[PDB]
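Listed next as structure tokens is one chain, alone, in the form solved without this ligand.
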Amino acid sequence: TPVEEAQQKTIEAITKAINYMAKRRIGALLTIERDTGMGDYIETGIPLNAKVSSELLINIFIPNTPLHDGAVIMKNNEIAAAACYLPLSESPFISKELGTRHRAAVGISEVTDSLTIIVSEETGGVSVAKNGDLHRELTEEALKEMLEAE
């Protein structure tokens, strides 16, 4: 159906962008709003309300650019805003080598049902935060599975 084709197109765009960024060790933080509204965090960023594409996602996160510092928040199949604030987790159970990108992802996942994808700038590793937990060192297949499950 149209809604199903649109959701798969968006999953494909996200996975292509994440793969590109992982290969080049480009840090990225991408939160997908679910049932818990995240308007107050969207409002802290730069408004886009843009169609999703792998190309736009890559262009947003290029290092030392205006939009790269902070989270992209997606809502209703469209990039709502970029460079958004997310709350930093104080969880003592996050891997001690990880920095603020991963703590922000975990932090938003503690107070919402959102799914956040993180690319490490140090390793290019891909992780997902949900429900207060960080799922690390994901393969391409694993990330896809999480998106389809979500």
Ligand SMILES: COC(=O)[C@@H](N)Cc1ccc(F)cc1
Given for the second form:
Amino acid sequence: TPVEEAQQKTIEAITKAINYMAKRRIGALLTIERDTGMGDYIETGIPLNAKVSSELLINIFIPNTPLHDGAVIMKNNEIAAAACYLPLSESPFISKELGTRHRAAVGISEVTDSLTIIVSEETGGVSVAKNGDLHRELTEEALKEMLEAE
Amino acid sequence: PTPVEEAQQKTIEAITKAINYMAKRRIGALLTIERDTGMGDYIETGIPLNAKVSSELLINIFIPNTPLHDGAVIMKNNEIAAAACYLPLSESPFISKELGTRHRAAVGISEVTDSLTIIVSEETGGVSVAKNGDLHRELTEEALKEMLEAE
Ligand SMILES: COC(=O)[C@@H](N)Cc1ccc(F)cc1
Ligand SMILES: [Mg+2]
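Can you return the structure of this protein in the form deposited with this ligand bound rather than the form solved without this ligand?
Every chain and every other molecule in the complex is listed next, the one we just looked at coming first.
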């Protein structure tokens, strides 16, 4: 169906962008809103309400640029805003070598049903936060499975 | 001012802030503002954005060596319609010989539409505008803003 094709296109755009940033160790934080509304966090960023493309996602997270500091929040198959605040988790059970991107992802996943993707600037490793847990060192296939399950 | 007029002022502020940033840093840019002649055929050659304007997004688009920086951004009213768009190259002899493809594209679209195109030179940081087949170079910030306000 059209809705199915659209979801698959968005998944492909996300994984292409994450693959580019993982290879270049570009830090990134991308939260996908689900049933829990995230408007209060969306309002903290720069409004975009933009079509998703791998190109735009990459251009957003380029280091040393206006939009790269904070989270992209996606809602209704669009990029709602960039450079958004997410709350930092205080969980003592996050790997101690991880910093604030990952604690922000876990933080929002504590208080919403959202799925957040993190690319590490240290390693290029890719992780996902959901339900208060961080799933680390994902392959491309693992991230796709998580996006399709979501 | 009405909401339409306030929105236009916000859009002009975003554009001028972005252009000023990119001029200082010698970041090449090519930004076409659609007016009454529709540019859909050119918009369709780019990557669709249909995004709300901000100075931040405009700057991020044109950062060198990124997916969206090559080609034109085309704006429709208060939205960035698409980036990395094709524009036709002018053959006009009144384009300074040292100028490259961004200025020739801007004059090109200005020959077949009523649009206003802003160009930042990656060589000098100079700001120019193309409109109605003419290129006006080395604009001050004040001149650019007045041109946009008049547009
Ligand atoms: C060298 O390649 C890698 O680091 C990947 N295994 C990481 C990676 C994970 C998800 C994705 F959508 C793209 C890339
Ligand atoms: Mg002069």
